[PDB]
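Here's a solo chain for you in structure tokens, the form solved without this ligand.
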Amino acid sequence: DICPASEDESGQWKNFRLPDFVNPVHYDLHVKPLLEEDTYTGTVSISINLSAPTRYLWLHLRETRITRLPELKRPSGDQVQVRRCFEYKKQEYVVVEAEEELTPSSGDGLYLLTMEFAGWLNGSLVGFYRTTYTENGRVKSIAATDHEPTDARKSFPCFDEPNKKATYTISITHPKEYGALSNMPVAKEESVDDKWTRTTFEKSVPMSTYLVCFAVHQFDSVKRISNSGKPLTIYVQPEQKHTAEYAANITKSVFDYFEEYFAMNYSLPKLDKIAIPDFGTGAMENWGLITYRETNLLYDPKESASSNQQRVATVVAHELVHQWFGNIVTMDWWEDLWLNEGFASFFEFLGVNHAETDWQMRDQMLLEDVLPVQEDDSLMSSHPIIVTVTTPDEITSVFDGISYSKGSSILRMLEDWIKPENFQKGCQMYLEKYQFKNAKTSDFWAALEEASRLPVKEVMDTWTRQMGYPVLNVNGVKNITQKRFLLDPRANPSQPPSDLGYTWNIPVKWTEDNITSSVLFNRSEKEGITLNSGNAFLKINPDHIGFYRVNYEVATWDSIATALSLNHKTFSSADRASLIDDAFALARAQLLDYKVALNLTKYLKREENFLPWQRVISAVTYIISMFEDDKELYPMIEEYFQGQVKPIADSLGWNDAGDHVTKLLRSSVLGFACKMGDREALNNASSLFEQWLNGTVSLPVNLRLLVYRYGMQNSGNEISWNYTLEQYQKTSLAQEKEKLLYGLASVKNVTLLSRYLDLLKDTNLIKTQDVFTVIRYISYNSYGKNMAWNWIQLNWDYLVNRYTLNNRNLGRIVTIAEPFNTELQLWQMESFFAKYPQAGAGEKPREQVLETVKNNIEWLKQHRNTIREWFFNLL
């Protein structure tokens, strides 16, 4: 009404990107929520540096509306007269036209634009919203913001691009029973009424809109003090207060570690963490006020698993990295998102490794990021680390494996090649140089290039400006050539067009008889290089440190299998995991005969280490899933792999004993035994489940999930299903809730799974943050595979209306179709996609899952007989 929508395209506001000549300096932001009404109002005053004559001023606004006609101030101070305001939907702008137009701000004086606005707190997990929880039987409220990447514009009108850094003075008018939090400490509190308080926070440092955060809450707190003398506090519901202890510890330890490591002071006087009871992502690095999903912050040593502990520590560490990489220095544009995400995904491991010494975190990088993303990045529908993005949907889509895991992986490779000391020094200089500003990828290379004088830009550009990665083909023992590695052998290796033509500058490392050497394999060496003793065996890519695969000659592979059977200890745990991982990915890609890959699994009865078992379980899970309905192959694959894990599963037992890594190993090894149909392992699960149903016995924390899953799967019925649902409602611990949700998804009953799916529409039962997690759990169920898939189709309009097409998790839900492997299923997918062609943030996930399912169909055609033969001849 006040700024009506107009389809007028004849202006600079038709451009997706904000103009270069309008820059903000300072935001004066005031909001007043009506919590019990799910509304808020506010006024924002923005000081503006203008660089070019313009009759229009525009900025981002979505959903929230302008209520008062905006008012502009000349740098002199005079009121600039306003003809109209209008909204431009196509590019999420509100535009105001001055009567005549005005000129640049030449000195230290600035324009001032103020606008009044009103928005909603309901039906959303982005912008500024309210959610509830129960305390001593009463329903309580908490309101908070979530902006990354393009949702600040929903909270309040702003210049909502990461490079438009400005300073912030925030105030909130809230009922007095509530506290108010933001990025900065409280400056002053003043009574509006005897019912209302105005909380004003001190001026911010220059920062991006996506980092701006405020909250209205009635939470208790757990407190700590950094070595800096600055308060680090975690806000938490009173009844959950005890579960904030571990996070508080790790925050302290990792905060102190990073500040020293980066040789730079944390820029704010305090740091707060808070878990919002319903929160749409894992966590968000809002400067000085980091928001969490409860599962990533709140941990109970008496009820939570080692897996949970590691998750909490890692996400906390992750969020802390951002206070330097992301917050102090921010990428200039979303195309360089990896400068934020990859860095956090890398340093999170260094942080947690400092806090928790015997966790082998450095090695766990292979399991968490390196090897999983080498799967992702072997698809044609991957994308380069530096990604062209032209819509909000495209922007949000790139918060993915490539930005996080491949980002992390190529930094891991870079560090090892360039040496840790120089990497560390180079990071510091980057952080010194671009503090409170924005950087491009080019800026980071130059920084490390100053610290090494090694050709960082020349080498790292090849890993950064094109998708994919190479396989090193071994001829002789030491001639290597490079070739792009693609899972689909039919795919055109030169597509999509790359200036670098899918060749890489590969820092190559290798071990000759316990001694290590290093060579940069140059792109221009078209016919390959030769590795510089009289050797009978060369170990290329130790600890899988380089982001590539090594395809040895078949004879070498055959010798490796034999060396593993004789004494697997000859190789390090990481090397074993890497060799197994490569071999199975190579077999999957039709670059190595499956018999050769499977031969590597023969030694496993003697395998006792975490890393190899994890990557074995990963490779087997795929193969088993492809033969799930094959009555001929399946029992043979089951029988064999059951036999291979049995010794280690039996040896570790059904009890929480040993160090961190052992406990993680026990979980995944017993899980695999159960998955492979080991009667005794299933009987342990059912026995413990039967005991848990008796209401007293608290299950061993690292066995719980397995007991809920396989217990429900093997002996669950309506009685125990209803009981489990009650327990899920009754527990305050989100980490327990989540396990119980997986339990509920495991019942072998169509009626009960149908009841479960219906609960997804009930916001009193399933939180908005948890809906996709549940759909995915149900999709893993032998009945639920098609149930979840059918349900998201039938309810697609409902989901789109609830979440919007800009929602990343909604875009991704189609990946529940990954196990599909028939022409019929592929046709179903294509038919559904054709019916709802507006994919939004699901555009890439759709491309990826289609490629996967097409690969699956081909894989079955190519390998069924070979794999059948290997198993038949063995058993």
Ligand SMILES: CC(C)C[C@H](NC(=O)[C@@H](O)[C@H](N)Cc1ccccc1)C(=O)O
The other form holds:
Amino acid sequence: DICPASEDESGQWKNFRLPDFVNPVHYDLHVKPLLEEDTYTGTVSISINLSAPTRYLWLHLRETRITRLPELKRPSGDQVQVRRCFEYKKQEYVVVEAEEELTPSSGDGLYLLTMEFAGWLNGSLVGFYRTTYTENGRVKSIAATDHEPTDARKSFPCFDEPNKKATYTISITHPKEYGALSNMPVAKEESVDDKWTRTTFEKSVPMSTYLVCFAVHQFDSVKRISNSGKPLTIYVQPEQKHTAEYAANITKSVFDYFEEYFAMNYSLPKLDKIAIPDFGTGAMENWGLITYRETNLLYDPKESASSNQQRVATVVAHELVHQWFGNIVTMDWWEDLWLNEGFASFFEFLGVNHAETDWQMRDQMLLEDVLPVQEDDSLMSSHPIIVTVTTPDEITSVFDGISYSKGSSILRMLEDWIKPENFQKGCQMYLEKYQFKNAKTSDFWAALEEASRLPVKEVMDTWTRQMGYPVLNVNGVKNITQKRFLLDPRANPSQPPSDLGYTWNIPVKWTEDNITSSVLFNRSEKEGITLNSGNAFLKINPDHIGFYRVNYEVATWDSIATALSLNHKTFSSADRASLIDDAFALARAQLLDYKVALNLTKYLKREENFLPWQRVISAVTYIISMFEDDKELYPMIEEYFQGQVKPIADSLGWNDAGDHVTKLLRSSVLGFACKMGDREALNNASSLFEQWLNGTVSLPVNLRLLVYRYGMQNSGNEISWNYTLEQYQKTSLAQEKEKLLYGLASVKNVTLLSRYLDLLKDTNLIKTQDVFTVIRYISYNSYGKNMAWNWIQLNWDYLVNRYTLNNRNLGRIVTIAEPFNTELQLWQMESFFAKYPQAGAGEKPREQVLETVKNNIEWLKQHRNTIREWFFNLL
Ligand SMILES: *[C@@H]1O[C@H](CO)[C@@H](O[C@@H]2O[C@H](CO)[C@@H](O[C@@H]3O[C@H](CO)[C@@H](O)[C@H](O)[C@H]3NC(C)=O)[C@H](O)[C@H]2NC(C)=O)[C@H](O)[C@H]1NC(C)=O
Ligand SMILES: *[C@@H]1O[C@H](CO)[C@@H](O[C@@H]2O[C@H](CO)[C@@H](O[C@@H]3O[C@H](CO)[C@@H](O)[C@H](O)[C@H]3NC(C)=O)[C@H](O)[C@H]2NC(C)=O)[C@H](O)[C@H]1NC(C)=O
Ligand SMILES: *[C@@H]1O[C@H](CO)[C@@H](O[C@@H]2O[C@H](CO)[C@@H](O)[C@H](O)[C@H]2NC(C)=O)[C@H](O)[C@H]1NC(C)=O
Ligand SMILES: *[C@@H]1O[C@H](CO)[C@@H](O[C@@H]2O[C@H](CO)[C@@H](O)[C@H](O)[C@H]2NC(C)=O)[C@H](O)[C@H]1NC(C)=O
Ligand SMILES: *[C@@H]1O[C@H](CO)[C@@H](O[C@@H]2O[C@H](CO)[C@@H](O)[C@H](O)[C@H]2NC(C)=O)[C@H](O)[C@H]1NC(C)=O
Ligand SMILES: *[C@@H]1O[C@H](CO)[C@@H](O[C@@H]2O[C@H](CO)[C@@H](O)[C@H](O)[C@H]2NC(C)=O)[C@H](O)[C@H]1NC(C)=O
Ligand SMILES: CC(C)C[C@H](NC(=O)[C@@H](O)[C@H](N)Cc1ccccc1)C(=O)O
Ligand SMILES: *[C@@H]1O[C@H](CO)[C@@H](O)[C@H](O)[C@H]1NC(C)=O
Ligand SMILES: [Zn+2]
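Output the form solved in complex with this ligand next; the form solved without this ligand has already been displayed.
Shown next: the complete complex, the earlier chain at its head.
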């Protein structure tokens, strides 16, 4: 209509990327929501630094429409003739053509552009939107924004690139029953009617568009004060006020820890946290207004698990890290996203480590990031940390294991190598140098290279400009050689083409008899190096500190198995987990015989630590998974591993006792017991479940999930399913809801799972934020593995229409096919993919799950007999 679409390419707006010569300085943004109508309007005025002759000005806009022909101002202050406005859909631009070109802003004078826009609050979790909740029987509303990475442009027209930093003064006209929040504190409130209020916020510091946030709400607040004297407050529904307490404690403690560690003041006068009742990601670091999904913020000590406690603490820590890395210093372009996410993923563990001293957090990095992503990054369809992105779908896709976990892992290695004290100072100098501007990876190296004089750029580039990682092959006890580690032995190790040729500069640490030594393994040492007396055993890569795997000689591996059987405590908890993790990965990759790997599990009846058990359970889950339908192998593996956990499972018992890590251990260990078919563990679950159904007995917090899952699995029926469904509706605590959803996915009943799948289309029952979680839970169920898979196929058009191909969670949902392991199942996947070839943000996940399923097929072919032999001979 006004500002209509045109297929005109002849101009610089055909470029995916914005021009270098147009730069915003300041945004004047006003929005007015019609909450009950699911609509809003706004005007935005943008001051523009023009650097080159141009007849056109363009910026990002999606879905939201322009309603008034835009208005441009010369730097002197005069009004500029405008011929046309038009939308260019292909690159999400709205363009305006001036009558006849104009002139760079040479002085302190700037162009001013004003646009009138109207958008929707319904049918979406990005941009500016409204959702509801219930309070004392009344349906209440809350409106908020979510922009990362390319959704600012849905909320309001803007220069929607992270490096187009500008300053912000936002105002909102809302009904008076409501408050309004944004990045900055309130400046002034003025009555429009006796019904409407206009809330104006004070001028922001320069910040990227994706960080710009506002909300209209009727939430209560829980308050805290930083050591700086700034108010740190969490907004929360009155009924849920008590559950905001913990997040308040951790925000205070971690805010205070960080401001000191980074040697830099938090840039805003206040900081707010709020959980939107329906929220599309886990949390979002909007400067001064961090938004949450309830499960990641709201915690009840009387009802929530230790798992939940640690999650809340970590996400809060995480989002707080961004207030420095991401907010103050932002990446120049999304290819450098890890500068944000890896740093947050790394420092989160230090944040919470300060707050909660006996959580062994620094160790837990191995379980949360390091070892999981070493699985991910051993695929051909991984990608380097520095990622080429050319579409919004490509950009959103890279919020993934690589940016977060490998980012986190290579910082962990870097810190240990360069040493913490110097890593600290180097991050500090990087922070003061690039404050309120944008950095590239190159800059962070140079920053740390000024801090250690060590070769940081030379060494870290190898870890960063190519995908994958090495396995160190041990020859003798002491000679090591490096080689790319790929899970698929048939894959071509030189692909895709890398300038660095898939060799790394590896910082290598090893323990000789309780004494530790260091070496940097140069890329150019083509025929390996020797590790610098009188030695019988050499412990390489202690605590799995380096982002690599170590393949000892078979003789050594054998000797490690025996040493574990005799006195496992000889190795640290981490070293055990790491040795077990490498061996099973090496076996998977056909680099070590499975008999050798399995032999390392023999000691387990005496295993008592969290870390080794976690990585054991991870490795076994996969093997068990591949033989699910093998009536010959399965009972044997079940029987074995049942026997290996039984003592620890019995020792810990079905009761909440012990410190944090013990409580976590009991969870995974009792769950594995149940998974492995321990009659007595299953009976504990059923018994507790039956009691829970009696309506009063509040289950031990760290056992609930297991009780709902295995209780429903073993004794669930329509009566208890219906009851569980009601309970899920009735409870206010999102953390409990999510457990109950997992419970409901556990029923061994096709009819009930079918009803459950149908509920996904009902927004009164399942929130939009939870659809993918539920699909994923159902896929874990022995019937539902195929039910969820079939349902996403039948309902693909429906999902795409509801979420759009740009939604990452929709892109990722095909990973429910990870357990598939037959040529039949692979053919199904490929057929579905060929029928719906427009994959959007699902393009990478598709590649990844396909590789995995192919690997599974090969794996079964290579290893069935060997694994069978090992189990048969033992039992
Ligand atoms: C929850 O799980 C518990 C196991 O972790 C169950 O408790 C166990 O029940 C077993 C059978 O009743 C007992 O087995 C006995 O073990 C001893 C060895 O210590 C043997 O001498 C006995 O032969 C053997 N049973 C018999 C009938 O002779 C376990 O000792 C017992 N206790 C422990 C601490 O493991 C719970 O029963 C289970 N709860 C529910 C409700 O099912
Ligand atoms: C590393 O794994 C090796 C390979 O599995 C182990 O060696 C195996 O030890 C088994 C004893 O548990 C033997 O199983 C026996 O096999 C014969 C058939 O050849 C049967 O008659 C026996 O009944 C059976 N034993 C039992 C208890 O049922 C295997 O002979 C033997 N395999 C090989 C290839 O030598 C190693 O022990 C192990 N190393 C460790 C633990 O350090
Ligand atoms: C929010 O609701 C509006 C109004 O119901 C949706 O717009 C409608 O879209 C359908 C087709 O998709 C048309 O049949 C209606 O005539 C439209 N009505 C109006 C007033 O535009 C809108 O699509 C919804 N927004 C989202 C994101 O789903
Ligand atoms: C938040 O911090 C407070 C203390 O700063 C925690 O401690 C509570 O308060 C008193 C005295 O300060 C303690 O003796 C109690 O053990 C605590 N609980 C209660 C119910 O009073 C409080 O636990 C922290 N909040 C959490 C963990 O959610
Ligand atoms: C459990 O819950 C369901 C859903 O509320 C009950 O309702 C029946 O559900 C089917 C569709 O799944 C409808 O076609 C029937 O009309 C429903 N019955 C009604 C409305 O009375 C189901 O009956 C419940 N079962 C038990 C044992 O409580
Ligand atoms: C799965 O759940 C359905 C739903 O309850 C079960 O079907 C019911 O069976 C009972 C007893 O045979 C009847 O009283 C109900 O009328 C049935 N309900 C419906 C909706 O058909 C079914 O038996 C269960 N199946 C399994 C394998 O457990
Ligand atoms: C503890 C974190 C890993 C939780 C995580 N949140 C984040 O990473 C935020 O900092 C992200 N900036 C939010 C985000 C996630 C995905 C796509 C776009 C934007 C999330 O899961 O949302
Ligand atoms: C930085 O923090 C220090 C100590 O907390 C404070 O004295 C100073 O005013 C801050 N600098 C500012 C606000 O520019
Ligand atoms: Zn983050």
